[PDB]
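Encoded as structure tokens, the following chain is the form solved without the named molecule, with no partner shown.
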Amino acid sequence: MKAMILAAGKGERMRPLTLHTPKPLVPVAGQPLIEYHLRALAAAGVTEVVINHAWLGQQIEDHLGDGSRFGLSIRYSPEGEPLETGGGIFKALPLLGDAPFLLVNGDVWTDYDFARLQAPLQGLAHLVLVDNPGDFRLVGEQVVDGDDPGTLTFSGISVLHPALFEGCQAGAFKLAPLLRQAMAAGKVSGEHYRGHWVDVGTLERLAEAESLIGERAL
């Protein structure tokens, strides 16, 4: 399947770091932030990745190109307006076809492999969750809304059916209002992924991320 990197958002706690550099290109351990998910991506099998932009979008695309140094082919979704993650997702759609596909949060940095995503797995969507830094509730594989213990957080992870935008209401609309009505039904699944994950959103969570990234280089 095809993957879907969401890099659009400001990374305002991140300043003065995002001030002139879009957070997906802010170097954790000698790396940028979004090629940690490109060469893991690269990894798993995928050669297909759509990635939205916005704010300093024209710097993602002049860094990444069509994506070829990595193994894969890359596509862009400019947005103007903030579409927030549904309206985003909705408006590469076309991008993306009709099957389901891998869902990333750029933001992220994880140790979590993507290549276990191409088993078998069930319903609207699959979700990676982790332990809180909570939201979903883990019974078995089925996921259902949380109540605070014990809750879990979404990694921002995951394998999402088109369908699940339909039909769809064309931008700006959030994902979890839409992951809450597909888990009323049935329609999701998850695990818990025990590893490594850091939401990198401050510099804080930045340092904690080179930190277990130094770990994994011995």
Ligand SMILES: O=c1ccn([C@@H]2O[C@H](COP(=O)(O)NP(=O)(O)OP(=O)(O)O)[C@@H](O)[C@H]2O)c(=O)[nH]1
The other form holds:
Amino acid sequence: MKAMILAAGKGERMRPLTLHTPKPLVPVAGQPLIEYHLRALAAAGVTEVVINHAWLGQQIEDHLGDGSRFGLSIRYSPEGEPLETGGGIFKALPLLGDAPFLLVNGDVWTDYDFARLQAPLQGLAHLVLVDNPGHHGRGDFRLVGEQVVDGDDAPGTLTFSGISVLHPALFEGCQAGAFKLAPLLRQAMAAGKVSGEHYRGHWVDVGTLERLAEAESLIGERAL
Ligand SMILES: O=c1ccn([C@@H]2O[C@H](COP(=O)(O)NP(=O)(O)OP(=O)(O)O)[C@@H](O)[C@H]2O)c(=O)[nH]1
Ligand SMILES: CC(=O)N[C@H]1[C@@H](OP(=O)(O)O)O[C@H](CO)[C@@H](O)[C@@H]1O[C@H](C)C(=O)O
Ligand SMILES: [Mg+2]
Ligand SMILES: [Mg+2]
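I have the form solved without the named molecule already, so could you send the form solved in complex with the named molecule?
What follows is the entire complex, opening with the chain shown before.
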């Protein structure tokens, strides 16, 4: 299947790093953050990637080009207005086609094996969930067997990893413009159409300098 990497975020919490460098292109261990995803995706057998962008977008295209150096074919979905995650995915659907695709929040650094998702999967969406960051119980969702439901307090909830397989039909109808992805996932969940899994390996949402350091720390433990 195809993959989409979300890369339209402005990274305001990463400043001043993101003043002249798009977040996707910030180096983590001598390598641009998004290039971990491109290499992982190519290793996992993915050959076609869609990347949306907004903030400093043309720098992303300039740097990655057509993706041939990664053994990929990349298409870009430029966004001129703030579309958010859901609206942005929707805007890119023409490039993705009608088949389920792998969706990867580009801000993430992880050792999750993307090739696990090319196995028989369940529903309109299949979500990779991880331990709640910061040692809290808030999270987003709960996982019962393979079935994902909406979170409830802090007894045993999990956090959405930003790694998933989505069915384009998830966006069936859908307000053409700017909207959120989570709300759509809960309608699917409400209909028993969302499966999931709990990944217990390394995962960092790289949204701050502190998260960047943590990712570097873990990446340095893997090299050894
Ligand atoms: O409108 C958007 C916003 C976010 N995103 C995607 O989700 C990622 C960031 O998610 P984010 O919600 O934290 N936005 P951000 O401005 O980066 O917060 P901050 O770092 O504090 O400035 C971005 O890199 C994209 O991958 C989009 O694709 N579109
Ligand atoms: C689409 C997506 O990846 N959402 C996740 C991403 O959002 P981000 O923090 O990058 O803005 O990382 C968070 C954990 O750090 C999750 O809670 C987000 O999922 C929540 C439920 C959401 O859909 O808004
Ligand atoms: Mg942003
Ligand atoms: Mg982030």
